[PDB]
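**Student:** Each chain, letter by letter, is given below.
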Amino acid sequence: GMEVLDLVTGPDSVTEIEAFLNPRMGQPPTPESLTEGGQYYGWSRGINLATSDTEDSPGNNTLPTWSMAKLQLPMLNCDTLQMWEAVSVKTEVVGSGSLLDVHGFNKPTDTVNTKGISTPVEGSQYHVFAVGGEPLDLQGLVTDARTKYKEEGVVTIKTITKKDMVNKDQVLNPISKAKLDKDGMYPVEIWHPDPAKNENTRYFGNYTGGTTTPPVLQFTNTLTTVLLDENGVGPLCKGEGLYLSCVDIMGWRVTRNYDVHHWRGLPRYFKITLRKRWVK
Amino acid sequence: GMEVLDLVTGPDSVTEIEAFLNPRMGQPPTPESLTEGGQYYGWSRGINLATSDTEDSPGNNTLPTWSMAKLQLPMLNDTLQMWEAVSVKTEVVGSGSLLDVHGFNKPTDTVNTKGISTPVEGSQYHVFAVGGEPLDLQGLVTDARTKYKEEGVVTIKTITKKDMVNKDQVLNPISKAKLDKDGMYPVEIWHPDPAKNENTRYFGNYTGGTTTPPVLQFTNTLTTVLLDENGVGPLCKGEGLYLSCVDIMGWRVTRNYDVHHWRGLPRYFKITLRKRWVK
Amino acid sequence: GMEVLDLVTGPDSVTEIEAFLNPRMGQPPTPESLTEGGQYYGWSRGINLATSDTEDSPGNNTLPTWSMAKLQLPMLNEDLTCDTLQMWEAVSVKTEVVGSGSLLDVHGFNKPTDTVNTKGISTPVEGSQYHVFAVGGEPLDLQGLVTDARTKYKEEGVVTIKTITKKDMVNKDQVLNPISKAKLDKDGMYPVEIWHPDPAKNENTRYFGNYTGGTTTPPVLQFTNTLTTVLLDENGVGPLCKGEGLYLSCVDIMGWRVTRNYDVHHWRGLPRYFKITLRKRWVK
Amino acid sequence: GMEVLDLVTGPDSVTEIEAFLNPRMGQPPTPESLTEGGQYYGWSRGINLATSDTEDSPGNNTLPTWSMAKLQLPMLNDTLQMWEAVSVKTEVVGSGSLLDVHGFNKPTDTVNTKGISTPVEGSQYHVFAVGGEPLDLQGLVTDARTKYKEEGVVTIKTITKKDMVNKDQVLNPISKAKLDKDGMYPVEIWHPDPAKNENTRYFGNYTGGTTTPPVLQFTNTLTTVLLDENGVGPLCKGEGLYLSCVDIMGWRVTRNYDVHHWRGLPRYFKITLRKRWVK
Amino acid sequence: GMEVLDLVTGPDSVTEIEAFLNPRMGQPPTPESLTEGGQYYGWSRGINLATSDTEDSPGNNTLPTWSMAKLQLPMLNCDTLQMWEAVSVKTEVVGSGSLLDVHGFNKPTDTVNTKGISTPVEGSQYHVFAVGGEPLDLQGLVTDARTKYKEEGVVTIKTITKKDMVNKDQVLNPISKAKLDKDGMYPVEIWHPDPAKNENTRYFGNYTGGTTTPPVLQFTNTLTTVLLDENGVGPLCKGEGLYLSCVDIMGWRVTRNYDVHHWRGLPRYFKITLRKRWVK
Ligand SMILES: CC(=O)N[C@H]1[C@H](O[C@@H]2[C@H](O)[C@@H](O)[C@H](O)O[C@@H]2CO)O[C@H](CO)[C@H](O)[C@@H]1O[C@@H]1O[C@H](CO)[C@H](O)[C@H](O[C@]2(C(=O)O)C[C@H](O)[C@@H](NC(C)=O)[C@H]([C@H](O)[C@@H](CO)O[C@]3(C(=O)O)C[C@H](O)[C@@H](NC(C)=O)[C@H]([C@H](O)[C@H](O)CO)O3)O2)[C@H]1O
Ligand SMILES: CC(=O)N[C@H]1[C@H](O[C@@H]2[C@H](O)[C@@H](O)[C@H](O)O[C@@H]2CO)O[C@H](CO)[C@H](O)[C@@H]1O[C@@H]1O[C@H](CO)[C@H](O)[C@H](O[C@]2(C(=O)O)C[C@H](O)[C@@H](NC(C)=O)[C@H]([C@H](O)[C@@H](CO)O[C@]3(C(=O)O)C[C@H](O)[C@@H](NC(C)=O)[C@H]([C@H](O)[C@H](O)CO)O3)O2)[C@H]1O
Ligand SMILES: CC(=O)N[C@H]1[C@H](O[C@@H]2[C@H](O)[C@@H](O)[C@H](O)O[C@@H]2CO)O[C@H](CO)[C@H](O)[C@@H]1O[C@@H]1O[C@H](CO)[C@H](O)[C@H](O[C@]2(C(=O)O)C[C@H](O)[C@@H](NC(C)=O)[C@H]([C@H](O)[C@@H](CO)O[C@]3(C(=O)O)C[C@H](O)[C@@H](NC(C)=O)[C@H]([C@H](O)[C@H](O)CO)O3)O2)[C@H]1O
Ligand SMILES: CC(=O)N[C@H]1[C@H](O[C@@H]2[C@H](O)[C@@H](O)[C@H](O)O[C@@H]2CO)O[C@H](CO)[C@H](O)[C@@H]1O[C@@H]1O[C@H](CO)[C@H](O)[C@H](O[C@]2(C(=O)O)C[C@H](O)[C@@H](NC(C)=O)[C@H]([C@H](O)[C@@H](CO)O[C@]3(C(=O)O)C[C@H](O)[C@@H](NC(C)=O)[C@H]([C@H](O)[C@H](O)CO)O3)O2)[C@H]1O
Ligand SMILES: CC(=O)N[C@H]1[C@H](O[C@@H]2[C@H](O)[C@@H](O)[C@H](O)O[C@@H]2CO)O[C@H](CO)[C@H](O)[C@@H]1O[C@@H]1O[C@H](CO)[C@H](O)[C@H](O[C@]2(C(=O)O)C[C@H](O)[C@@H](NC(C)=O)[C@H]([C@H](O)[C@@H](CO)O[C@]3(C(=O)O)C[C@H](O)[C@@H](NC(C)=O)[C@H]([C@H](O)[C@H](O)CO)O3)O2)[C@H]1O
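Residue numbers (PDB author numbering), protein chains in the order written: chain B, 33 to 109, 114 to 316; chain C, 33 to 109, 115 to 316; chain D, 33 to 316; chain E, 33 to 109, 115 to 316; chain A, 33 to 109, 114 to 316.
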């Protein structure tokens, strides 16, 4: 599919597919038990801090990771073949209204009397989505190349290189690249969309920092994101696979015990419109 | 009405309907008495907090719920006609009332008990929808362990007849409902379902925090087009038009242990509809 | 005059008129004396607080009210029995809130920023802000809605819900009660914490409003002589001036200053300029 | 030159002129000495406060004033020609200098005298104007009782020859002036007059507060068109072009009694002009 | 040539080049050792403060400087010649997700119990990029003309003028000009894009101040910045050299030792589209 030709016409030349991607904040979907850890699903476990300038060992279940799904498209296939082309996406982050629960057991707004309301989710927020015809290309970049990430259960820079991180990993080191090929495995504090690749994926991201920052979110079923490039060509789905990637961090809740923070994430809906494209 | 055809022309082919939806913050419209609870109408009652990690039992009158109304349209009927909602002018009314800083709220100077009465601040939530059938709802909660009352509110357990599961803290497609009753569906549980709502347009925003300044714009000059990408608006099944909304401005805080009360404001809708031939 | 026809052409068929509306924050324009109360003009008097959950009696001079003016345009119709008549149509307005630069005075005697030493700067105006303007061919239609139906507004000196209904406020007045309606027919009388533009009426008026809350919120304002607000509706028709009367309405609250005595707050308002372009329209 | 006719064509019919206007925050450009006061150039001197409700006497060197320049254009003259200002590229230069947090300002850790030197913060005011005559000014003050110096600043009393009146705290049409001198008209007194300025375009914004983060954008790719609704730009009377501005970024705060100094930045103008036939 | 004619057509008449510029916050890329100073790469060293109103001498490694690169373009070139013209650029700041590391050893959010989270990067932010056919023209302007900048290892106003700064250097002094001709050498608190020059460069900048201000950033591979002027002419590359300039400061991290601040910068990606232009 090097040369892109005419749009395919006729019955079933256009298709629409939908999916939701649940957040991957740290606690896995199982155990389902609401006493055995399932109560943290949708959240991270309590963020654990470095014990010195040289001893930073975050728990896997404290690190939000990328969500991803590979969706199978209808079968297609002569020198001239057909590919599915992603034209547009309607995407929405669902559940912001749930943050209006200020009646729980979080750190209260009046700490003097332990009264007021249960402090709502606040702070650093991170929203990225991508739609592509192959896995999202990732570029590694970390706060601290000395961070001692677990070897098992997360894919980190050392997983790829088979070597410890180097100081260049705190800036742009082109050696430290990966592909988003697994859900709930690639930490978002390590792996970023690679602007030097991703020719066949469109991604859109934003970051707002701070500690008590009010979370902001909009949602509507009326907004379409066009995925066509400058030449009018959308992502082309290699082997009829469509890749969806996202992360939607709303901030942290804070407990009444030593200000322990838990990340909060929300699920993202995708509705992708695709059309068949003649290719050579 | 599966196939959408031409616009109907001629006498009475276009109509306009207006409505206001009052907020449903927790205190019901009655009793009307300003000593017996009526003084809280437009507000929630005092937000009560969980007593432990496993004991979260919010009062029904502390939980803002969706406002909704079903409006009856003029009677109509191989080829039939349906009312098509083309546009809406909608406005949230009464933000100027938040300029009352002369009441008995927590004062701005708590050291001396002086200053002004702290105005409404904090988390804000504005959603409206216009559709030809009830708004489709998707459940999602902060805490699947929350012990909502069984009577007086429609919650996930009302629908499933079973306790919430951990998946209800993310997207669980089992936990769905329709917004078919005013003042019954808590907004901390029920969200517009993006997987459905083919015949409704909804528009929402959330701003969080505790002391966040509330922001609101209002004008009679703004029109929201309801037509989809094919130029087709919501089609009104059985000549019923559904309006849905919630408009939370934040909380007021009292001088007694910082008790918070939600504040909501009413929303005006003016919908323009036209007759559409369907087959 | 309800069927709207062609635009009138010829000498004097288009006019521009200008006006400024001074703010009505609580202190009246008189007395002019800078010792006898005039020093508060442009501001409210010190905001007084409720003494209990059931005793909220704000002073009239602590309540900002709507500014309004009715401008009389040149008479058009010698004979109102003519089949086709003319009306003035408001096409557009250039409007501006003047004097935000004055808020850069941080050398006065407000609560200072260094409270240990009574030093630093005089705290500038901050907090809740409210900006609304309207241009119409009849009075702005108002809808009442209050924080507290129990608020004991004075009977004399302000037009409130009770002024209209002749009865005490009801709990529904804390939400939308369609009984509680009025028209903005007098300057400096209708409190902005009570009376809001009525979206169910105002067919012949355009209004534009915004609110930003909080207590120490930085005030924000833009001003330029290059911005035109179009007043034409979706059908290309502006407000039509009934009996050649043009109605201007506004409120422009910038926040409060805070004194050195028990954190007493005074509302600050600024004046608004209007330059309205009008044209003659044939009607029947 | 009342009636505006065709654009003039031919050699030298279009010209571009550039200028920078330095801020006028209170310390004059001289003395240049970095020990005898010149170290405050680009800043005000320390803001001095009223001593009572009736004694507010600010120092001239504590009051930011309008910057202005009159630029002479190329010589021109029934049908005459005038220079017409078509557009302007304008930019506030030096925001990067606010990234100096290594100085001796009030530190972020006042307990230990550690952290960083607090950067410039607070109230911000940006206005620029381009016209064919002086910017028309309308006076309006916080306090008509303020005792401005008679010499060294142009204030309302300078114009009227009488003390300010209470109406000067709102809009008093008597209190008008023209911006005809650089570094003389305080910005807390004198505002662009929207009832005049038919031959000037002005653009302003204000953001208040005490610790507000300053915000600024800059690019050489943005052009401000100066043409009115009829396609006519400011027409330069007697071939004079007037530039006016003020660009306040906030205050720095010292380690002694929180003394505040205003910070201003310079503004660049590149104006495109064309000759216009007039009669 | 200074007269701009038609666009060149035919084989290889258009080219695309890409580059990343790593931030220059104060610590140089070497030593690479994560114990010998390399751990600060991507950051400044600890900001040192003035000791009096007349003694302000910042360490060079505490001052963020401009990043720049000169890229060589394909060789060109009787009377009419050709030049490379920069048409557009896609540019992105990479790695904001790394600021979601709140598990380190920064000053904690709960200083009573030394708990909560590791305070994320916050405060003053500064983002500028430029693309041009010659070095970015710089105009000097400082907070304090008395600042004792080091004479070695950095280019300051005194480097250029061979004289001490004067009071006019705190406003616009037209004598105090330079060109951005070296990477990691021109402090951003001294040197600003010069709006009186730069006829052959486009620059775009923003500043947000404060001390605890939440950092904000957007990133996408779908945004193109057009570099053509009002006449449809992009920067023309003198001697086939393309100049890229930037700085991307995200704020500071604060340590647990006397609130020491370290600047944080992030790398910027550029993808520039160029076309050949006939000139006379
Ligand atoms: C329990 C513990 O100390 N775990 C730490 C672990 O210890 C190992 C082992 O588990 C121990 O048995 C043994 O003594 O020691 C070994 C190690 O030598 O070691 C880990 C590193 O190797 C971690 O340090 C781990 O500590 C946990 O670390 C995570 C991050 O990775 C979190 O920081 C976690 O903090 C939380 C959490 O779980 O997220 C924060 C949260 O806010 C707390 N919730 C509340 C309401 O306070 C919980 C809470 O303290 C947990 C501790 O596990 O207690 C409960 C719970 O409420 O979740 C108590 C429940 O009664 C229990 N349920 C039942 C049916 O018994 C429940 C359940 O065990 C777990 O949820 C299962 O995962 O735990 O802590 C931090 O504790
Ligand atoms: C009164 C009470 O204790 N109610 C709680 C209820 O108790 C039950 C019963 O009412 C008691 O008599 C008996 O002893 O116990 C049973 C049950 O064991 O139990 C409920 C759960 O089943 C709740 O716990 C309930 O407490 C109330 O809960 C709601 C949330 O659901 C609120 O948190 C409420 O707090 C407020 C409120 O009403 O919203 C907060 C508000 O800020 C307070 N207002 C002020 C000005 O302080 C009020 C206030 O404390 C109420 C308490 O009811 O007192 C007034 C009032 O001001 O509203 C006092 C008036 O004098 C009274 N009017 C008259 C004519 O007597 C008025 C009126 O009764 C009610 O408004 C009618 O609903 O109440 O509390 C929290 O109290
Ligand atoms: C003075 C007083 O107590 N007034 C209250 C009023 O009392 C009535 C009557 O005036 C009294 O003589 C008598 O003893 O009692 C009767 C009835 O009880 O009763 C009212 C209710 O019926 C009010 O409670 C009123 O209090 C005033 O209420 C208003 C709101 O409606 C304000 O809150 C006001 O507070 C301010 C104000 O005037 O806005 C706040 C302001 O920040 C203060 N200014 C300063 C610099 O501190 C002023 C100030 O304290 C006033 C109080 O009147 O004193 C001055 C002034 O500075 O304005 C002092 C001047 O010397 C004086 N001028 C001359 C020439 O003598 C000047 C002048 O009288 C008034 O400005 C004219 O209106 O007053 O208070 C709050 O006081
Ligand atoms: C010094 C003084 O008291 N000045 C006030 C003046 O007093 C007059 C006279 O100077 C006295 O000797 C005599 O006793 O009284 C007469 C008349 O009363 O009276 C004025 C009113 O008429 C003012 O009140 C004046 O006070 C000054 O007012 C301005 C506002 O108009 C400022 O608020 C100023 O405060 C600053 C300032 O200069 O901006 C604030 C600044 O943050 C301070 N800087 C530092 C580093 O602390 C300075 C500083 O305190 C000044 C005071 O003048 O000291 C230096 C300086 O650092 O600038 C010290 C230097 O050593 C000196 N240079 C040399 C070579 O000796 C330098 C220099 O004199 C001046 O800059 C020249 O203008 O002053 O204060 C406030 O002081
Ligand atoms: C160490 C010192 O005092 N340096 C100052 C310097 O002293 C001179 C000379 O270099 C010294 O060796 C000798 O003892 O004394 C002379 C004369 O006094 O003089 C300079 C002026 O010319 C400076 O004042 C210099 O101070 C340093 O200045 C920079 C800014 O220019 C910074 O402010 C720096 O502070 C930091 C920093 O390095 O950025 C702040 C940071 O937050 C701190 N980090 C931590 C985790 O606390 C570090 C830290 O204190 C450094 C001090 O050098 O210690 C380590 C480190 O953690 O980085 C400790 C490590 O064990 C060590 N590595 C090894 C293998 O031993 C490591 C390494 O030496 C350096 O990083 C290499 O550059 O240093 O300070 C401020 O100290």
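In case anyone wonders, no lab produced these hints; they're calculated from the structure.
There may be inaccurate statements among the hints.
Below are the PhoX-like pairs computed for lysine-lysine, each with C-alpha atoms no more than 20 Å apart in a straight line [as the list claims (entries may be wrong)]:
hint, chain 1, residue 1, chain 2, residue 2
1, A, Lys-307, B, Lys-233
2, C, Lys-143, C, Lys-102
3, B, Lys-307, C, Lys-316
Computed beta-carbon distance windows for the label pairs [unchecked claim]:
hint, chain 1, residue 1, chain 2, residue 2, range
4, E, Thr-150, C, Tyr-294, 36 to 44 Å
5, A, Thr-116, E, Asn-109, 27 to 35 Å
6, C, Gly-33, B, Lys-186, 37 to 45 Å
7, A, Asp-200, E, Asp-217, 30 to 38 Å
We put the CB at the ideal spot given by N, CA and C, even for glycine.
**Student:** For the hint 30 to 38 Å, verify it against the beta carbon of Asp-200/A and that of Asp-217/E.
**Tutor:** Roughly 36 Å apart at Cβ, these two residues keep to the hinted range, so it holds.
**Student:** Taking 37 to 45 Å as the stated bounds, is the beta-carbon spacing between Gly-33/C and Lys-186/B within them?
**Tutor:** The hint (37 to 45 Å, Cβ to Cβ) is violated, given that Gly-33/C and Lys-186/B are roughly 57 Å apart.
**Student:** Tell me if the straight-line CA distance from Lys-307/A to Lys-233/B falls inside 20 Å.
**Tutor:** holds, 11 Å
**Student:** Within 36 to 44 Å: is that where the Cβ-Cβ distance between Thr-150/E and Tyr-294/C falls?
**Tutor:** holds, 39 Å
**Student:** With the threshold set at 20 Å, check whether the alpha-carbon distance from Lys-143/C to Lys-102/C stays at or below it.
**Tutor:** violated, 39 Å
**Student:** Does the beta carbon distance between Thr-116/A and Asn-109/E stay inside 27 to 35 Å, or does it fall outside?
**Tutor:** Distance hint for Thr-116/A, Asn-109/E is violated at roughly 42 Å.
**Student:** Starting from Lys-307/B, check that the Cα of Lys-316/C is at most 20 Å away, please.
**Tutor:** violated, 27 Å
The structure shown violates the earlier hints numbered 2, 3, 5, 6.
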